[PDB]
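Below, in structure tokens: the form deposited without its partner chain, a single chain.
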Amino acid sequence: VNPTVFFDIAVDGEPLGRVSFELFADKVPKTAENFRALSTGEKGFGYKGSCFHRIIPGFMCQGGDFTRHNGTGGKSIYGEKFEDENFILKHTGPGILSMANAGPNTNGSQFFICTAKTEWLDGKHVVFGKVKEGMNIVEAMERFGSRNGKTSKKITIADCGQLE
């Protein structure tokens, strides 16, 4: 029942591989639906063509800023921001998909894929999905990050949509 969404990842325009995510629509329906719709683009805007602007190896890969491409932009399907839905799910290890924000109830479109357990984020960031296939591709993406988060090559979502 939970939707599966895919990203095709490119590195300076070269196809790298595919990551798919299960979205926990059973537990965070409003948050999962925002990401699902942004991945299909069915509302007229979304993640296709956007970049991962911040990659910190051993911590996380951050993306979803499709309007300013640098961490200052993005927007949800529900308006500029929306509320923290709940904190049922925790940051239990690599592969967790969680919402970036700017304080309480400031979710937009930015997200991060954890590449480590990040328990200090529990109760502050809304967890809403997990990598299903292609964790090895995320690990490959990590090699283009750096300590301050700047990437050495342009990491883009070349295509994205729903699988199931």
Second form
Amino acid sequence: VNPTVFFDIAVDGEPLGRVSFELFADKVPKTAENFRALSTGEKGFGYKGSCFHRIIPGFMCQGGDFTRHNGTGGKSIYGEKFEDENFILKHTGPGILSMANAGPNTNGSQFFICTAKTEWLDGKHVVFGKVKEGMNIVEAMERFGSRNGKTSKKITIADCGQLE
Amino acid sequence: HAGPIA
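I've shown you the form deposited without its partner chain. Could you give me the structure of the form solved in complex with its partner chain?
Now the complete complex, all chains and molecules, led by this one.
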């Protein structure tokens, strides 16, 4: 019953590996659906082709910005942004897919994949999913994101979609 | 402006 989407990661055009995620619809539907709906690109916009503009080693990997690709843009399927459905799920560790907001009730299309346990984000960011397969792919994306976050090389979402 | 801090 829980949706499974994926990202085919490419480092500078050359494919690296696939990374699938489990969307916890059974807890946070609207957030869950928006990422599934945007991972498939059914409205005409989404993750295919967008990159991870912000990767901070030992912390997380941020992407989802298909409009301004510099951490400014991106939008939800509901128009601009949306509310904070809930805060039931916590950032328990690496693999956690959560929404990258700009303060409360500002969820759009940006998200981040955790590459370590980030409990200080608990209550401030809506956790809505988790990496099912390919967590070694995000582990590699690592060396390509600096301390400040600027990538050394372009990490891009070559292909993405829904598998179940 | 979207994003979480370390």
